[PDB]
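First, one chain by itself in structure tokens, the form solved without 3-methylbenzene-1,2-diamine (2C9).
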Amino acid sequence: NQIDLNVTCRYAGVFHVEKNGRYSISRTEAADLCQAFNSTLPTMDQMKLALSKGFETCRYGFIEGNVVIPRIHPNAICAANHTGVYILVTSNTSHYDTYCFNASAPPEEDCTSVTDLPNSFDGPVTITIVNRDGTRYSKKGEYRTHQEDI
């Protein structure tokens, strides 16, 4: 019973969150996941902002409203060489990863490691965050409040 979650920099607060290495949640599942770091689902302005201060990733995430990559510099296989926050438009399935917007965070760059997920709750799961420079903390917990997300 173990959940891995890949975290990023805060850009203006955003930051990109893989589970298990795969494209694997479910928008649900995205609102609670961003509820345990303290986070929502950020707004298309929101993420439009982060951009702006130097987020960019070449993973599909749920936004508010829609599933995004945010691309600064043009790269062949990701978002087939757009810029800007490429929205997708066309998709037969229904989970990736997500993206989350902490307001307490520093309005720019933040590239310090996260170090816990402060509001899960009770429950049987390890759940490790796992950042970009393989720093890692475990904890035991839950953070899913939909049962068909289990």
Contents of the next structure:
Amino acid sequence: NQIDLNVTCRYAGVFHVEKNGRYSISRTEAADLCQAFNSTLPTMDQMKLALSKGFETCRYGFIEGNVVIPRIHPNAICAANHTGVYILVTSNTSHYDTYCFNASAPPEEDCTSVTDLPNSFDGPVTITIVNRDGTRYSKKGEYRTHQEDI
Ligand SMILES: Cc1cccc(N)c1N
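Show the other one: the form solved in complex with 3-methylbenzene-1,2-diamine (2C9), since we just had the form solved without 3-methylbenzene-1,2-diamine (2C9).
The next block holds the full complex; its first chain is the one shown before.
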């Protein structure tokens, strides 16, 4: 009973989380996941400031109200070569990654490891935070509050 959470550097507090390295987070699970990181889903204004500080990914993820990919460099296989905060308009499907915003993060780029899920609650799941440099932090707990997500 295990969940891996792949996390990025923070840029102005905003980071990206992938569950088990595949698109697999529902909108409800996204909110619970950010809450476990003592974070919230970013607003579009928070995401645009993060973008300005160097944040980009090649993955769709929830923010408050939309699913987006932040892009700095045009790449043909990421967001159809767009730059800026690219907003997903048309999809059949409901599961993506998530973005999260932690107000206590440094103001610009923070590429130190993420070390904890401070607001996870008691539970049976081994949850592992996986940083891009491979550093891992694990704890037993739970973060999902909706049955439909378990
Ligand atoms: C694939 C992957 C593994 C660990 C951390 C991150 N950010 C990513 N994208």
